[PDB]
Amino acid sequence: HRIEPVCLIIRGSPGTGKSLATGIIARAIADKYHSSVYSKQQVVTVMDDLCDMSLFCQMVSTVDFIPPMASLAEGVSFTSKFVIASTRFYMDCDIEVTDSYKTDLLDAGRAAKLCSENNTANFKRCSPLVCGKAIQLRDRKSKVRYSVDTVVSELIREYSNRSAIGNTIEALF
């Protein structure tokens, strides 16, 4: 059977543009792993607007899982290393828009620009959406804040330790 997939769910109110986070997050994870995002044995699968829970609980597990397809059968057991959800959770995070980057009533127009400096970890270029300047993440069963860049740093680190240990443990048996 399989390593449990590391998974990040993003809780927030509409207009926070959470899909802008799970998108930026998944892409940046599928690149490191030279892959794409699924929304064919992809690395990351994005599950946006999660109310679904029987289908989730069957992805994020250690069992072997075969998901339904429209086409009959067709080599496809679910193997995605990461699951990013927006609404088993390695991380469980609240979305927070800095008041500065809020519209009259999130202001993506302003929140998406290129800061002069590029001090990122996982992005070829920097922005307020990844520098933490415009948007932050807080685990709720741990009181740590993240930027888009540092949450993707965490999730790659955690998958790596889980794989090393989880792989040599299964060898024991």
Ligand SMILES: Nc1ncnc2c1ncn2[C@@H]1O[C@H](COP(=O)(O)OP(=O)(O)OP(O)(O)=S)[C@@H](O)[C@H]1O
Given for the second form:
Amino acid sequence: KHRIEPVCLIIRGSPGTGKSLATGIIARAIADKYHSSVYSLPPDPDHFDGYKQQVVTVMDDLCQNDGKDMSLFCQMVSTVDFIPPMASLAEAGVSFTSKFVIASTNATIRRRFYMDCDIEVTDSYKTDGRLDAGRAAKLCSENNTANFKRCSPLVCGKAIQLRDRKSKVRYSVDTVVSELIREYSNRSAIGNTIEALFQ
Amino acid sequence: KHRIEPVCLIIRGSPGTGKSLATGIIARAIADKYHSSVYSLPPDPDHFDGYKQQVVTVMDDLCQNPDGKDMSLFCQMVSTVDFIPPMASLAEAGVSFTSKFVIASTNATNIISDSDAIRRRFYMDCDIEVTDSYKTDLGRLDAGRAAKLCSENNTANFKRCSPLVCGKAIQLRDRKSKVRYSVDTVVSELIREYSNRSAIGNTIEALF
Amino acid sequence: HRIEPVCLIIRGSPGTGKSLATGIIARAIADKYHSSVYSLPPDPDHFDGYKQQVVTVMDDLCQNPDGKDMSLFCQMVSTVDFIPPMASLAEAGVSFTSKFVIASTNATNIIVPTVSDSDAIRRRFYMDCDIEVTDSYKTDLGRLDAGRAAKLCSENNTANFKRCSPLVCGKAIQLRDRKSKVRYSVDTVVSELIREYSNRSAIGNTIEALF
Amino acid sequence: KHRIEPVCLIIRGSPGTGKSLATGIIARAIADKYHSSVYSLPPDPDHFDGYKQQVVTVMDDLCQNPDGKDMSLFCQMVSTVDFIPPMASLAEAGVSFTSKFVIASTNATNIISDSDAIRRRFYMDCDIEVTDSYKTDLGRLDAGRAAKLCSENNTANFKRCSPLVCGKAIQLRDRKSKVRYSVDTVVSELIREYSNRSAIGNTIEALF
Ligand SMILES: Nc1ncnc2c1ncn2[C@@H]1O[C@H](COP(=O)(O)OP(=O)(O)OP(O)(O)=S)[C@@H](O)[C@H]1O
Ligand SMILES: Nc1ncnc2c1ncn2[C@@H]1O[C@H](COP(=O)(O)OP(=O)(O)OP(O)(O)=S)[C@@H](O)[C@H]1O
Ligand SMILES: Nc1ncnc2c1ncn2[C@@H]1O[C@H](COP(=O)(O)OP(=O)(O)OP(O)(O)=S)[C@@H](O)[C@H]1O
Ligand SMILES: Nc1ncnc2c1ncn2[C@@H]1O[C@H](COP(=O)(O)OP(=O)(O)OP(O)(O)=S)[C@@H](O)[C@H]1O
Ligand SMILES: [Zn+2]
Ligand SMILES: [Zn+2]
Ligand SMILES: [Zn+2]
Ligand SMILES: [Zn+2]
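Okay, that was the form deposited without this ligand. Show me the form deposited with this ligand bound next.
Let's see the whole complex now, leading with the same chain.
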């Protein structure tokens, strides 16, 4: 009765650094490549109201100051069945199918993080030491990106880059949405192949 | 072509608890910050007659009675996709609906099909609550006693203070997070919520 | 007491299709026993998720420090009781009842760290096999060509499957026991694993039978 | 108040050689003749849970590596003097140990203070010994093969036969006599030495 383990990225950084933008954009890149929307979870999640099998789920400020969420998140990313709590009985009993889970913590178990990354602000866009949001938001003239319709220093790597703690590698918003898509495509390719033989 | 989804507040309480003067007051407070006026939607509204780009548009006695045509239009009001409203005379027809906030009122317990994306257009839904000092003989608001001014003003958003406002007489309970709010601080929170709702949305949506 | 779970390790170079074999073998064994499969991660510290699925699978078993891997895996494949570690305390306390373990590694590296005993853990594998890619499905780089290898066959002569593809037959990929130098496909390896577990459930029937 | 020392068997062999299935299979063949059951002691026993007056008590991995606490009670297992054991719950507390035999198993080469009057509690001390035809690739036994039923039965103690029982697979060689036995004949022997144990004492110590 079961499914493929969602691909997961945690972005880690001290506040003010643009973590929630990083996830908003990444999530919706991915969501758009699959012709879907983003389901965006409030902090201290209790109920999943709004969840109608969106392709990506984003968790903001995961693990704030009693470990409910790490137990909620642990059944979001697995192959076991998970049917999340809902407030109104009208939509209760829907299965949690999201292919990706994007999330952010603060700065300073893991196995389900396909990628575990630090957010970093490059210095032209650093500000009195946290990001300059209006000046990094304004749009690049060129677009070299794999995943976007038009570009901006949040996407490029100009303002913010993502640094994976496990592999030491740098990414941008754009290349990591490409790396999250590749890895899932790997996973579905296998599973769909092996599911095929038992239907 | 689209806009930012107005931060909506509706108030629920037994009749006469004051939720109509609540909306009227927190409506125009927001409209004095933004140098605009307020458009008052009539109950069971057929048309938007006389609406000119007000930063606030209130909606009183929402869902007052069936057929609930108020719900087709409300969902069209608090939303990202673009709307040109129903209008009687063809002089002012076509105005795009620009209101930054939408405030409403309804009755105490009444549940007002698709039951979830419908209530995320409430950023905030309060149960109006009246202090016993100002609660009257049948349990509603004594508005003669409650409208007399306070000697000092601790409020950020008003030129003068009254217990309607500093919460002595009138208070608002979050239904989600069950918060005790005076109306001076429910205007703080809604203008604060669309101050940053303007920030995040337009940088994001630019990329798509 | 419990029966020693019967264990298959599969060694090969990257791109030769190890986790498709472990995947497919595991879920064929799962279905005959009307159960599901449990997948450990790499460098695995904990079993959260273990409902006592009949088959546990360790992908990429060797992480090549391997102190952790072998000393825990020594504890899973054994006749004694085993209570695995957990992170949630909700399902902490469950016992490891899986009847098969299917694992994958890389070829001709040194398995156990010392640590060791090298003999003590090596008898724990009932079958130790090399995954070989037949030369019509090796692409350049010697990698399994997985797209064609998945294409279903039009004849099905198989013990354990309803549909057939070169991943099952032995057309595309095969496993050969190191100790036996005899060849299996994923279909014939499944049949062998099921036979062994049958033979390990026999020995209790036959000890009682004499009283 | 005391009674006859249980004739004891200890088996010795490398791990996997089968001496655990041996102790329990000879334990059960004795306890069927005497209509008893077997009380299986866990490794490193802290208490005897639910031991109720079985004829046979099997002690496994005896003289285990941690404390030799296995020795403290074993010395009071087969002995002359009365023993009421340690118990978790006070539901069964005070029941004396009447088991007529005690069978153990150890490791192969491990020597397990006052050594002499104690090694006499083994009536028989044995080395488990595994036939090449049944000896596994690395020297253990193939219990899969070795458990196949024999077409024949010339065993005196069992309802069917198997190479564990008839010596074809599994064999026991005494340390003193160096006589090699199957388990079928070495169960004939222990009950036989018990018969000797029972007869000689009752006449005699009725005098003292
Ligand atoms: N007044 C507030 N009360 C409670 N939570 C708030 C408030 N203002 C913002 N937040 C939360 O703050 C979070 C954003 O975290 P920040 O403090 O901005 O750190 P940050 O995410 O690294 O900075 P970003 O990514 O540019 S928003 C969001 O999830 C909001 O829900
Ligand atoms: N023209 C008026 N101007 C100011 N206050 C008024 C006026 N008419 C009545 N009031 C009083 O001011 C209050 C206005 O808010 P309310 O009418 O109590 O809110 P509400 O009664 O819950 O909403 P509804 O739709 O009228 S039931 C009432 O309690 C009246 O007693
Ligand atoms: N140079 C490399 N760097 C990192 N990962 C690699 C590299 N080469 C191969 N891999 C990975 O290692 C796996 C090799 O295992 P295989 O024997 O080929 O079976 P597979 O189907 O190719 O992969 P599995 O099944 O997930 S273990 C591949 O799946 C790749 O994801
Ligand atoms: N539940 C079981 N029922 C029957 N046989 C079993 C069972 N579990 C394991 N076996 C096998 O039956 C034999 C039991 O005897 P053994 O335990 O090997 O003797 P031993 O290994 O020297 O003693 P120890 O204390 O277990 S090291 C072994 O070959 C086991 O592999
Ligand atoms: Zn750019
Ligand atoms: Zn006041
Ligand atoms: Zn085929
Ligand atoms: Zn025989």
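Shifts are known only where both forms have a C-alpha. The term rigid core refers to the maximal set of C-alpha atoms that superpose within 1.5 Å between the two forms. Positions refer to the first chain, counted from 1.
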Could you check how much the CA of residue 153 shifts between these two forms after a rigid core fit, in angstrom?
0.4
Shift of the Cα of residue 99 between these two forms with the rigid core overlaid, in Å, rounds to 1.3
